[PDB]
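Based on the sequences and whatever the hints tell you, model everything.
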Amino acid sequence: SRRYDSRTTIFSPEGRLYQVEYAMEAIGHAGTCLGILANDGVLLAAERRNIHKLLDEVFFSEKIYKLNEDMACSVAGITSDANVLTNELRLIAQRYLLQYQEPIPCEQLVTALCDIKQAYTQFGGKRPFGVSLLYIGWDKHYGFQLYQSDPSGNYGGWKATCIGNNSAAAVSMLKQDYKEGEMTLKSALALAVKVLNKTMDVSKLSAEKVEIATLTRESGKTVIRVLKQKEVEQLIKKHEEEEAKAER
Amino acid sequence: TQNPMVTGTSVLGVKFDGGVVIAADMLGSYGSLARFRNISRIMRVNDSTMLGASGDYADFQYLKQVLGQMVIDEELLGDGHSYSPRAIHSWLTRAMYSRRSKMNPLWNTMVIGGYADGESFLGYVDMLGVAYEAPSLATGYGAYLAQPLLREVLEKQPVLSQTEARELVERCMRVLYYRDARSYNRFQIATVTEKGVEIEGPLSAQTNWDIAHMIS
Amino acid sequence: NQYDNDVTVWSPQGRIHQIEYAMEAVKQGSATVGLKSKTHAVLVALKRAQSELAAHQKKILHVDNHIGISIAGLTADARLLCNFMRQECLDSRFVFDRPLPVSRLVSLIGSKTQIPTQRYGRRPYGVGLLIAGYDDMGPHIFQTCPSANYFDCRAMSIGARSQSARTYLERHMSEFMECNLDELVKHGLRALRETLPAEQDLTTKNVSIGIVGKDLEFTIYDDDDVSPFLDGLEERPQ
Amino acid sequence: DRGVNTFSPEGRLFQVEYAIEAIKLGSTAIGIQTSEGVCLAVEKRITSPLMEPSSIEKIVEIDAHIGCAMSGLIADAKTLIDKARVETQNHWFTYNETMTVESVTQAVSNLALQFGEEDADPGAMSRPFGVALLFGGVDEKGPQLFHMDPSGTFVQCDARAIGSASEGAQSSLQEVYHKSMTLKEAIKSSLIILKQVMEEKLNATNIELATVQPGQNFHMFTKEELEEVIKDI
Amino acid sequence: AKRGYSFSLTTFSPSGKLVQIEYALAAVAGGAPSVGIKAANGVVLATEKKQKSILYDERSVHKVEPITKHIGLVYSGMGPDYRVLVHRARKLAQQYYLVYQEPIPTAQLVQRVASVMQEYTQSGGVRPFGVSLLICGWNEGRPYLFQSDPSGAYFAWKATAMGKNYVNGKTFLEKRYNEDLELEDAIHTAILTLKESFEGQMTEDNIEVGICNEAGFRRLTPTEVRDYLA
Amino acid sequence: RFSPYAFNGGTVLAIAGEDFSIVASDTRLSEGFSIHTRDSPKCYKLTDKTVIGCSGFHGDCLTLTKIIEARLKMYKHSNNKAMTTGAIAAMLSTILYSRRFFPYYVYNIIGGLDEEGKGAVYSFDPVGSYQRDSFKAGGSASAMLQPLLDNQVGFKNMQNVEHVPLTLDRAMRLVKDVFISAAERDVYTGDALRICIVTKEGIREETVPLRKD
Amino acid sequence: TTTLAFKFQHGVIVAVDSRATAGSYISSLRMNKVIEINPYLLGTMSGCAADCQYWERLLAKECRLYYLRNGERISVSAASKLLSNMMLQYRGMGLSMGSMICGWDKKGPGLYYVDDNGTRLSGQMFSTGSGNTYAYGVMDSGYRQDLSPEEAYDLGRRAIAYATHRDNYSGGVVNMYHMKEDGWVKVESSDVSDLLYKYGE
Amino acid sequence: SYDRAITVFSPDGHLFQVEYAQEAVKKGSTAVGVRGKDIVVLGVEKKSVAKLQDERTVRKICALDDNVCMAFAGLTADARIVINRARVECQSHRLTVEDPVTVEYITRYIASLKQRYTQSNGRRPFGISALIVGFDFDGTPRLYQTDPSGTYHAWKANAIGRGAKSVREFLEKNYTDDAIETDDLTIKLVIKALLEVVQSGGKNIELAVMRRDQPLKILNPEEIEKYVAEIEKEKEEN
Amino acid sequence: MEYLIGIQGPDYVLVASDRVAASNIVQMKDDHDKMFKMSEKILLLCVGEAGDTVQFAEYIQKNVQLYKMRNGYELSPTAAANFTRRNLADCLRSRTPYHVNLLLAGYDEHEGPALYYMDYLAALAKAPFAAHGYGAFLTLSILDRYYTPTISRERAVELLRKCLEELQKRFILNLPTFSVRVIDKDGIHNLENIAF
Ligand SMILES: [Cl-]
Ligand SMILES: [Cl-]
Ligand SMILES: [Cl-]
Ligand SMILES: [Cl-]
Ligand SMILES: [Cl-]
Ligand SMILES: [Cl-]
Ligand SMILES: [Cl-]
Ligand SMILES: [K+]
Ligand SMILES: [K+]
Ligand SMILES: [K+]
Ligand SMILES: [K+]
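Residue numbers (the deposited numbering), protein chains in the order written: chain B, 1 to 248; chain M, 1 to 216; chain E, 1 to 238; chain D, 1 to 233; chain A, 1 to 230; chain L, 1 to 213; chain K, 1 to 201; chain C, 1 to 238; chain J, 1 to 196.
Don't read these hints as lab results, they were simulated from the structure.
Mixed in with the good hints there might be a few duds.
[Unchecked claim] Derived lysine to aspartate or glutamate pairs resembling EDC-like cross-links, with alpha carbons at most 20 Å apart:
id, chain 1, residue 1, chain 2, residue 2
1, L, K81, D, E97
2, L, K73, D, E199
3, E, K47, D, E36
4, E, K205, D, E97
5, K, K106, C, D213
6, B, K53, A, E174
7, K, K81, J, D33
[Unchecked claim] Listed below are several chain C residues computed to face chain B (Cβ distance under 7 Å; list not exhaustive):
id, residue
8, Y2
9, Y20
10, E23
11, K27
12, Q53
13, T57
14, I61
15, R123
16, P215
[Claimed, not checked] What the simulated footprint calls covered on chain C by chain D, stretch by stretch (three residues with Cβ under 8 Å from a Cβ of chain D suffice, anywhere in the stretch; the number is not a length):
id, stretch
17, 4 to 13
18, 146 to 158
19, 169 to 177
No residue lacks a Cβ here, since even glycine has one placed at the ideal position from N, Cα and C.
Right under this line is the structure:
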């Protein structure tokens, strides 16, 4: 029996967990996914990995999930493990609502799922979830928020971050451009297209290849929308027109 | 059992010189109705101990198979050890109290006769776990009718021969048939001795109804 | 070897090595001798000290009024089997009011010791016992092993250098049946003496004796209570 | 790779034999059974002068009449010590009396080889305890000292030493022991042998000393009292 | 007496790839070819049912299976594993109907069935399924076609092929398939994609085909298959 | 329905002296208006130093005595010594209370010697409340035995009596007298009186006949 | 039963009766209703005798375990709270105990009342039992924090003795305790009837 | 359930799984705690925040109760569990007993939790060490620290994480009454010991202080930089 | 039988509870507090079964405190009241239900002053004023009579005075002392206890 045991929840001589760091490699081969925080909102921008002439397009999104009335997340890694975690995120958000009769604070929902993912790294003898998640939302305590989740079960709050393919190149690109305290949603949408264009593989960038959703506070209500193809088309072409005005 | 269905009345027991004798009528009553007038309420445990039982007959038949299996299991080992009349009495006491404490009792009153090591054994077991030893035993109505007879004879003559014990028992079955409404005139006699257990066939006590003419 | 890490792995020869490795634990323990007459059953064991400052280990243990044991192997496995034997004897007296026949108690050991030898993750009991008892069939000397197998014997010795004691008893096995109790213990002591090296002999500190029979209940003599048995000794010859 | 309940070709459990080796890394502890009491001594092994002196507790109280010295993995020990303290008070509740030093040691020895993987509880032990213990106390059989190791084997001792320098302290006790020793000489001997087998010099804050004698209860020695016994070097 | 393994048989390799899932993907890629086409007013599903011998009773077992009144299934890979997923999907369809009193949306069935497939990539003592499912359905007056795979991931298709020559089958469909087909035209291009990877001559016994529309899902009778084979 | 209890009668008495302890009881076992047996003593040997007397529901009495017997062995295998009179009394309290919500219909009185050799008597209720005292009666005729002992042994309600220490001879006669008086009035008391005397030498039993009606 | 406890300038005093009853018959008249947990912990018993003994002794066991683990002893507040939780575990099961917890700790003299229901209170004065009403009567009239030990002992005796006079289920002897900064001292064990005759003159 | 022994003894007598968890803490961020006369102060470092990240979320100083706070080093994911388990125990001790939790009890619980994870089936030990800071009800300041093995000690001043060997040695040289005299110099002692190992700059220091009776105070990046101004004023000068 | 009362104003919540700890026919305490501090601005007043009240009240108290430690901020008066409601409602159809009647008073930084009424059946209702106990039958009419949603703190204590005087005159039970506390922007303030 122990002959076939892979020993998933065990320590390495250096003091690290192998299955966790091997799961990190799975994220690197998945789609590029970025999140940017602004003054009047917060958004997610992700690379669509499911692209074909023969795909039907039935759902509103591919990688962007609505979890709460005031919260949404994006995913990078194994999609089936992502579906399990996002469904659990929707459950925990509803359990809090049932108990307190008010929406779950952003940080608390991230904390809850991270405790589940951490449990998979310590006991059970099972493989961890090979998924990294980006959470965006609004609560009455800290306002607009952005969070990053690791397969290790570790989290952090960011003003701008990225996970997936060419993630280290995307974050250093954001580190230079991001203007702390001055960022508006219109500036953050323009930055998202700029980072994706340089980061992505197919070069030219298309409305079928990217996926963007915005979270804003309007009339005392949190409005979450996945941007239409006609909107994305204008966002790509506005960067395309500024690419033509860069030479003299 | 919460409510007993088919019941058996008094079971007798008295020990003579060189053994013990037990009697019980072959009646299974459904309330007041005499349902089965030819059913055995006595069993042979092994060659040293025997058992007669009052109360619920279904519970008696259940205890009959459990004790029956225990003797079978012991005979398979063949290690020169067998259950003594005291050991059966001790087991039965523990069995009845255990069922009683679970509020699901075996509705039975037992008389256990036995002969081992030149000594005669007679033990009483209740459905609540009440157990003791006596020279003479009578359950149900026998405790009010037959037991006073047995005690008065045993006071004048403590030691009895097998013949003396038999005719005393037959005298008691006569009184039981006269005075118990839940009795019948068809009974068995079981006997333990140096030779073993011997259960005799359908017996009837001699009845006299001459007092039916003494009312004028 | 790779057929020797689990009890659930059979060797190509048709053996289980983990049972045989557990049998090695019995041989490493100090020697103990058991023998019987027509009336008595006597256990004689050799107490052992790791250092001269530390006291000697317990070898003889109580089970019931009519049954006693001597241990050889692991201490915790000995105490675990001892507590099972005590519990079975208690259950027998609680239910039947009569002492549990020795033959049946050893059979319960055989049934219990077998279970862990066939289940993965479990291990055999690293202790061998010599059981001395008295019942309706008279005195009994029984032997248990890490392998669930058990033996009914006239006399037996297990532990370190127990072969020397085994040969002594084999010569005098016809002597035991008509032996007086005092003569019976001396036979057990003389067998245990053969196990020791030539430099050292039986002392009042390293000898433990247990006796059960028709006369009395199981009794353990250790220090001052042992010297009457040792006194009146035929000298160590070669 | 093997299981935790695997026998060696020699006839021993690997995990137990390895737990004995874990003791050989722990600090040295010495107990001496005198006819008029039992004394326990241990080195604290200070790693830094920043660490609090009375913080390390390698000699603890189990009952009013029983003391226990520990060596090896301290974390494993305090789990066994708490169980020993529970046992004494469970026995006090049920029988209205103090337990014998032998029965307490036997109670701890029952947890010995209660470890395994399969056919076990969710909270069952995975491995043995890397601890050797010295139970020293006074009951109705006079002053007593007991030694216990991971194998479960427990035995009475007139004088015993366990730790890193076990053999060195054992031979020093071997030639300096009389079964008629006084309690004054008992503490003296344990202090004399302790400085010989240590890497550090004997200070009043460096070691723990305890006494259990027929008259008074188990006593933890205060710094001032240690200076009166170290005055006689 | 037995007690199962509690450790995962699918783990992350140093490359970051769950090897057992890709190995399970090799099982479907080597299985008999299957094709599904969404065609405006309905859905068609077709598979190779070549038993490779005349001894077999071609009528006994089926590869195109109904889940409910409006949903059907086809597979590429192992038959025994597929059966388990059919029985599980049939129960999930009834569990939904008992609670909501409404025919289960195809997207909701695939999500529930793909979640079962996910379990066998993480649970102890089990291997993943060696089957890729093709789920068709009709709800809200709209045709649906979905693919579920060993990974537990699901995709929505206009037209796709799986099994033997799945790469050549897809490229064929890229050129051949056009949106706004009629259902009867979809059966033709389904059999045509199946002919590209066949090897042998096609009879009504050699292939199995089911259709889904507003009237529900049903498997085409051997007589109906013969008429399209001309 | 079904009642798990039966009243079997019986009265138990214990008195403590300087170096002795007395446990006494009737030999009558009864049920309703009938007598089960005339030969049923309620006194029972536990150790050479301690004797128990059980009365009430005989089914409970038989099971409880067997539990104590087993627990006495369990103690001596674990502690290497016999269980003391005070320890048995402390143990019985916990065993009786473990059945707080389904109690033993039982009246226990323990009689023996303490560790100093002095006489000790422990009186219990069906649930497990106990204490040490000089003398106590328990059972169907306990209300008949008590007041005479309060007057004679306790010297209560008397003015100028010199308070003579209790002897074995006087206590033996006191034990006999109260039971003879109880057999005259209590219907459940009679047949024979068994007296168990606990001394440093051991247990000695004595039987005096009573009313058999 | 009758039980009282009150505190003043010089500490806490505890007084109880000694009578045990089954229906209308007297089982015992020597009954000890005070449990000496520790040199500075004290508990009184009212309600069901078996329920009081077992649980308060179990509290005593836990007080002992507390002293061994931390080596500092236990606060009165903590001790009373522990007992409360045990009764809370066994709710609706018909356990009957009324008790008071006396001690001296860092906060100072401590008095608590604990209930079978799980009621827990702290106060200057408490009385529990069938005759507590009578005890309260004499206690309230003639009580001041400004009392001398002799006067406090008078009040304790007085309260219990009068309670026993009026009450059927209270009688025997008065057992009085004094709680001092150092620890508790057992003042006396005086016969109630003799006291009552003395008071009659 | 998963029943495999994760942490086992090695031939030399080592618990590798515990030792690897101690390698995880040595890779962790630098954390130092020091007991003063009137106050106790923690200080954590190796922050290295990308300045694109909200640092309010990644704070390594956590309050367990009103009078107890802690700092950790190692696997930050593991810490969150232990912290929340200690926080639940804080309120449980408040429910079972009226009294608030003593600093030693919380440390003992965290230590017992870490110990249980080294001897239980199916689970690996925690990869964290903790520095526990608090006050007793009598007012005496207390500082403790735990490690993956389950051992705990009281400290005057201690450091855990990377550069712990360097910071610890600094505290041995700099721990006298001259540095503890005032409340300000004790906080300065933290910053000086901290800025001694870290990639220099006050921007990377988050430290917390708590007085004898006052609630926990997490200091402003303004207040700490004012003390960094007082250390460089007396660096080129002194 | 005990008494609770709450009066909510435009920017404050006034609450009062009796100080009697009664057993059968005796008053064991004159100064028993029936108020529980949940947060810096939340008070829970509990009434009902003897042992059930304190155990339940403290359990919620410790969980609201647990939330504060785990998050760095306190629960809102609404979230707190809904939490207590959830715990009581889940024990309703169990073997052991809690017979507790409670009153939650709080101040939110956004919503403002809040007062919540709750049954032993666990039915939650927000009220401008509420009272628990048999005394409510005598006082709710006085509250109905003189209450305006714009009542000042000076008038609120005077309105409470009118209610407590009614309990002295008409109510058969002896309730001489009352705990009075006000919750607002600054938190909980202990006010002079009303004695008769
Ligand atoms: Cl929501
Ligand atoms: Cl039973
Ligand atoms: Cl051995
Ligand atoms: Cl060792
Ligand atoms: Cl497993
Ligand atoms: Cl028991
Ligand atoms: Cl008294
Ligand atoms: K081989
Ligand atoms: K070993
Ligand atoms: K104590
Ligand atoms: K508190």
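Check: Okay, the stretch 146 to 158 of chain C and chain D, do three or more residues pass the C-beta test at under 8 Å?
Finding: That given contact holds, which follows from 9 residues of the stretch 146 to 158 of chain C lying within Cβ reach (below 8 Å) of chain D.
Next item on the list: Mind taking a look at whether chain D covers the stretch 4 to 13 of chain C? Criterion is 3 or more residues with CB to CB distance under 8 Å.
Entry: holds (count 10)
Next item on the list: Grab the minimum C-beta distance from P215/C to chain B and call the hint holds if it beats 7 Å, violated otherwise.
Entry: violated, 19 Å
Margin query: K81/L and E97/D were given as a pair; does the straight-line alpha-carbon distance stay at or below 20 Å?
Written below: At roughly 13 Å apart (the allowed maximum being 20 Å), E97/D and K81/L satisfy the hint.
Checklist line | Given hint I61/C near chain B, where the shortest CB pair must fall under 7 Å | finding: With Cβ-Cβ at 16 Å, over 7 Å, it is violated.
Check: the stretch 169 to 177 of chain C covered by chain D? Criterion: 3 or more residues, Cβ-Cβ distance below 8 Å.
Finding: n = 3 at 8 Å, threshold three: holds.
Notebook entry, point to check: Measuring from the C-beta of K27/C to each C-beta in chain B, is the shortest one below 7 Å?
Noted result: OK, holds: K27/C within 7 Å of chain B, min 6 Å.
Check: CA of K73/L to CA of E199/D, is that 20 Å or under?
Finding: violated, 50 Å
Next item on the list: Would you check the hint for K47/E and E36/D, treating anything up to 20 Å between C-alpha atoms as holding?
Entry: Between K47/E and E36/D the Cα gap is close to 27 Å, so the pair fails against 20 Å, i.e. violated.
Next item on the list: For the pair supplied as a hint, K106/K and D213/C, confirm whether the alpha-carbon distance does not exceed 20 Å.
Entry: Roughly 18 Å separates the two Cα atoms, so the pair holds.
Note to self: Does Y20/C hold up as a contact with chain B if the rule is Cβ-Cβ below 7 Å?
What the structure shows: Where the cut-off is 7 Å and the nearest Cβ of chain B is about 4 Å from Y20/C, the hint holds.
Notebook entry, point to check: Hint check: is the beta carbon of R123/C less than 7 Å from a beta carbon of chain B?
Noted result: This interface hint holds because 4 Å falls under the 7 Å limit.
Violated hints, listed in ascending order, are 2, 3, 4, 14, 16; each of the other numbered hints is respected by the structure.
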